[PDB]
Amino acid sequence: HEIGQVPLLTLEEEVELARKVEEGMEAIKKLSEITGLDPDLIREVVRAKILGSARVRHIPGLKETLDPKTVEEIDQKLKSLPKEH
Amino acid sequence: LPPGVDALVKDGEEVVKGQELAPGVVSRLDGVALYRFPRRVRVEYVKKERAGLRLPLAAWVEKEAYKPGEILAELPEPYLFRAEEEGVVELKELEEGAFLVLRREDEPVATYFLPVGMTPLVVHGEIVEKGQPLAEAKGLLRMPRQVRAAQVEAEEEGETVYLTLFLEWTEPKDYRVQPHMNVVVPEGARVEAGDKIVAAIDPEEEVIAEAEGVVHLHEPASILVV
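These protein sequences, in sequence, are chains F and D.
Note that the authors' numbering has the first sequence beginning at 86, numbered continuously upward.
Note that the authors' numbering has the second sequence beginning at 171, numbered continuously upward.
Be aware that one or more of the hints could be misleading.
Restraint ranges, calculated between C-beta atoms of paired labels, are given here [to be verified]:
hint	chain 1	residue 1	chain 2	residue 2	range
1	F	93	D	237	44 to 54 Å
2	F	125	D	219	19 to 29 Å
3	F	102	D	380	29 to 39 Å
4	F	168	D	324	48 to 58 Å
5	D	312	F	103	53 to 63 Å
6	F	168	D	357	55 to 65 Å
7	F	123	D	372	54 to 64 Å
8	D	357	F	121	35 to 45 Å
Simulated from the structure, these hints should not be mistaken for lab results.
In this text, a Cβ means the ideal position worked out from N, Cα and C, and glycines have one as well.
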């Protein structure tokens, strides 16, 4: 049903999206650094939230990441960071 | 949106069922208009300055209760006088104007404007500084309605009152946004001398702000409603 998919990725669109990703990572880098926290860690976070909660692995490898607790902790932190950051 | 098609981006304020979008674009699916992919964007740059003139001397021919879009001098047989400071003629444009720049040398040597009524002979006006520009002040010499004005400085000594006042006007413009470009600026946001507006891959020749610029976007690739 990948036809229900909108492969309407005109060049202009593909493009746009592209940069929007790199930048996204570059950011993560700043972050981790501007935080002393692991980058992978970060994006891992970034995901869950964007990946919605109806999708959170009920078993993050069985408690690996405290999907419901250690998570927000980070959020309010980042959120509690200056605009620039 | 086809190319050049666009109607309600400055109305991304709201959207309704069957909301009219583009000649051939509809919107039953309610919500709010959203900007998507620009291509064309106007840029008005406010332009202010000062000028020195020569009008009806020993007579009142202008009242303060006047603004942008009225008369100046009127039916004086015949205004054709001798000025005495030339340069490099350069006539500017208006919806009703031809202003003269006098680049004698590199410096701003002289400033002269001619509202509807005064005929600006281009390069004619420079040999032995005789007010050679034989402009003809006759009748209703009105002013373009596009630029406000005030603070007149009339000086009585002979035939024509040398005036000086405030010249405030805006001036629309436009530029294309290619697929790789990106507006940094939002909804008609203000712009300054050194404030980069839009960019793209080529650091070379990308949207560079200037003297008081304002935002207006006109050519999207699409629109979102939600």
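Which numbered hints does this structure break?
Checked against the structure, the hints that fail are numbers 2, 6 and 7, while the rest are satisfied.
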